[PDB]
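So this first bit is one chain, no partners, the form deposited in one PDB entry, shown in C-alpha cells.
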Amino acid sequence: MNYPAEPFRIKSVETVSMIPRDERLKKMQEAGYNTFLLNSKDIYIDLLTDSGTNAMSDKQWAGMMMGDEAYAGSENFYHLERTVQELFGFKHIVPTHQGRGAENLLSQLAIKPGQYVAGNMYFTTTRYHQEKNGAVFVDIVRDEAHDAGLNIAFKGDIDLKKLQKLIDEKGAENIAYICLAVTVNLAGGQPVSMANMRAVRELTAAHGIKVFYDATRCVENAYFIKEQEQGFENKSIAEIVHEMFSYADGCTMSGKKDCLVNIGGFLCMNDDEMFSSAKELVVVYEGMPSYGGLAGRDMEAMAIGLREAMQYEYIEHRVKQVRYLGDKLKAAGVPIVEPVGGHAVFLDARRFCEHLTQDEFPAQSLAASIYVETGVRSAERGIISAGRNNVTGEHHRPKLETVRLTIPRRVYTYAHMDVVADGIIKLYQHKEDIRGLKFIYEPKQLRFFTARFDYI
C-alpha cells in the first residue's frame, strides 16, 4: 500500500559481486551445507542476520572520531548512559560488548537453579544462558504465534492464561523472571502490543514477579504499535518506546539490532542492589561498568544510533522495506510466515519443502539451496536452531520450520529485494529438488552456528 523511498542518502558504499553458480556449489559443500559457515566475500546479498550488519550514519561516524578511550569514566559512557536513561527510562545501565554478554550477566544474577523463566518464545543465546544457570524455560506466547499462515496483529503477545497457569502450578516465588521480547523473533519478528505489556506488568506485579524485556528490536516493535494499535496513531516512536519500558524492571539489548551499530549492547535495571551485583560481574567477563567490553567510540556510536532509530520515517521505511520483500514473495505464492515482521521475511520451509520431513532439516537445506541458486545468504530458523532439549537429548521440534531472510538496517535497496525475491521464486518452481540433510558434526549447544551436514 506504501513503499516509501529511503529517508536518507547514501554517503559511502561497499562493492558487491556474484560468483558463478559452480563456485557457489563448491563453497556450500565446503561449508558443510551450513550457511553460517560460508565466507563473506563469497556472498552477494548477505541476509544471514540483521545483527551488527547495519549501516551507520554520518553523525555516528562523526562520533566514531570522538572516542574517549579512557579505561574508566569515558565521556562516551556518560553519553550512552544519559541517552538510554532518557529514551528507555531505566535507572541504571551496564554496557556489554553485545547482547549475549548482557544475558550472561542477567542470568547469573537473577536465576537460582530449578527456577522457571517464562517468555514469549525465545532467542537461542537467551534461552541457553537461562538454562546454563539452572532455569527451566516455559513458552507463554499466545498459540497463534506458532501458526505460520495466520495473519493476525500482535502475534507476539503473551497469553496471560499461560502465565497465570504457570503461577498457579509452580508458585510465583519459583519464577525467576518473565523475559518479554519485543519484537518476537521466532514468530517472524512479531510485535507485542502496549496493552499486552501493561497486562503482563499488572499480573506479574501483583505476584512480585520481575519482568525483563529483550529489547533488541524494541524500535521495530514501537512502530507496529504506532501503526496499528488504536490510541497511539499520534504518539511519537520515542514516547511509545518510553511507555513500553515503563512496564519492565530492566532489559537486555543487542545494540547490534535496533541501535544501528556493528557491535554493542547493554543491560538495564531499576533495582539498585541488582545494579551493584551486575557491576561486580561485568568486570569478570566484559570489562568496567563504564565500558563493558566496548571501545569508547562504540559507546558513542550506540548512543547516537539509538536516538536515530526513534525517527519515524527511518523506522517506517525499515519495516516497510521488509514488507515489500514479503509482499512480493507472497504475491508469487511462495509460502511465508505472516504477517511480515519488522526485521526479516521468514520463508515457511515446511510448505516450501513438503516432500521432506522436519527430521531431514528442510529449513537448513533450503537455506543452502537459496545460496547455491542465488548467491543470497539466509539463516536456518527451525529444528536446527531450536537445538536439543537438554532433558530428553532429542531435537526440540518447533512447529515453525522457517528460513530467515534477515534485512540489515540501511544497507540494501528495493532493487536488492527484487533480486532476492526473484531468485527465491525461481527456486520455488523446482522446490522438490531440495534434498534432506543429516548431521556430520553437531556442537553441544547453539549448534546451528557451526554444525556441518551432508545430504541424505
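So that the term is clear: the rigid core is the largest set of C-alpha atoms that superpose within 1.5 Å between two forms. Positions refer to the first chain, counted from 1. Compared with the form deposited in another entry:
- When the two forms are superposed on their rigid core between the two forms, the C-alpha shift of 2 Å or more among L180, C353, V219, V337 belongs solely to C353.
- In the core-superposed comparison between the two forms, the C-alpha atom of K444 has shifted by at least 2 angstroms.
- The two forms, fitted on the rigid core, differ between the two forms by less than 2 Å at the CA of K155.
- When two forms of a protein are overlaid on their rigid core, residues whose CA moves 2 Å or more are considered shifted, and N34 is one of them between the two forms.
Structure of the form deposited in another entry (previous: the form deposited in one PDB entry):
The following holds one chain only.
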C-alpha cells in the first residue's frame, strides 16, 4: 500500500486541550513569535523534534515496572547489552544518557588535535565534540546531498573520490576516523546505501582508518535499503541492520530516535582497548559502565524498543506516514526537500516566502503562522538557528532556510498529518500575507532558544 494502516492500536492516550485560534494567537504573541518558547500544554501536535518524543509500547511499559535500580551490575544493563550485541553485532557497549554523551566519549577517545574527521555532512552536537577535541571536520558527502530539489535515492552516500582525496592530501595517520551517519539529518533524513557502507569500509580498511557510525536513525535507513536497494527487498530489517554495522568499527546511538524511547543512548565498539578507555571516561560524565546516566528501567525500555524497531510493518508505516505528509505538500506545490526523508518533512521557507528577505526571518515567521492556524509546533531551521557571527556582528546566513516538520514515532495519525498539511497549504495559497519578523530580544548565543520577536 502507498499508506498502510497503523500496525498497532492505541493502548493509552495523552490528552490535549484543543485551544482555538484566538487563544493560540495570544500564546504565540506571549512566546514572542518563537515556537521554542511555547508551552507544551498549549500545543496540539508537536513536531519540534523526533528526539525523545516517541510513544512506547505496552511491553516497554511493563519493562518500566522492572527496573533494577542498583548502582552497579543492574540486570537491565545486561538485557540492553545482550540486545545490542545481537542486533548490531558490536563486541562492546557502554550506555550513555543520550547520544551526545556517547559523542563526548568517542571524540575524547579517538581524536588528537590536528587530525581530521570526515563525515557525510554533520550534526551540530557531533561536530562540536569533534572540534572541541581538536579535529578539523571535512564534509565528504556526495555533492548531490546539498541540492534540495534533487529527487534521487541514497542521497546520504559518501563520495568515495572525496574520501580518497582526503587520504591522499592529508595522510591516513592524520585521519582520526570517518563519521558515517545513517540517515543523514542535515540532507533531510536521507539514507545511505549498503553498497556505499561496504565501499567506505573497503577503502578505509586498506589504510587502517576507523569508521564510526552515527547510528541514530539506522532503522529508518534500513527501511530505505529494503525498499529501494536492489537485492534487499526480501531481507529482514534485522538482517539489514546487522550487515550495515558489520562495515563499522563502532557507533554512537541516540536511543531517543530509533530505539523508541524518551531518553537513552550508547556507544559501541569492537576494539578491546578502546572499550577499556571508554569505561574509564564514562564514570567521569555519565555513570557506571552498567548504567551510564540512565535509570535501570530506561535501559530496559531501550532494550525492548530497539527490538520492536526491527518489525518491518512498524518501520514501513513510520516512514510512509512521513511520506504521506510530504506527498500532500508536494501535490499542492509547496516546496520541500526531496526525496522525503525518514523522520521529517522540511519546508523551504525561502521559496515559501519569496516576498521576505532572509534577514526578515521567513522560517521563524512561517513556524509562528503554522502554530496560529493549526496548533502544530514546528522548528525553525534557518537563519535564526544558524546564529550570529560575534566577530563581524552579522548572521551566519545558512544556505537552507527551512521549517522542519519532525515526526515522533507512534504518536500521531494520518488525520493529524492532514491537519498539518492543510494548514501549511492554506497558508501557501496566501503566502504573501506572511509578515516578516524583527528581534526584540536576542541573547549572545543559543538565540533560537529564547529570542523574542515582533512583526515588522
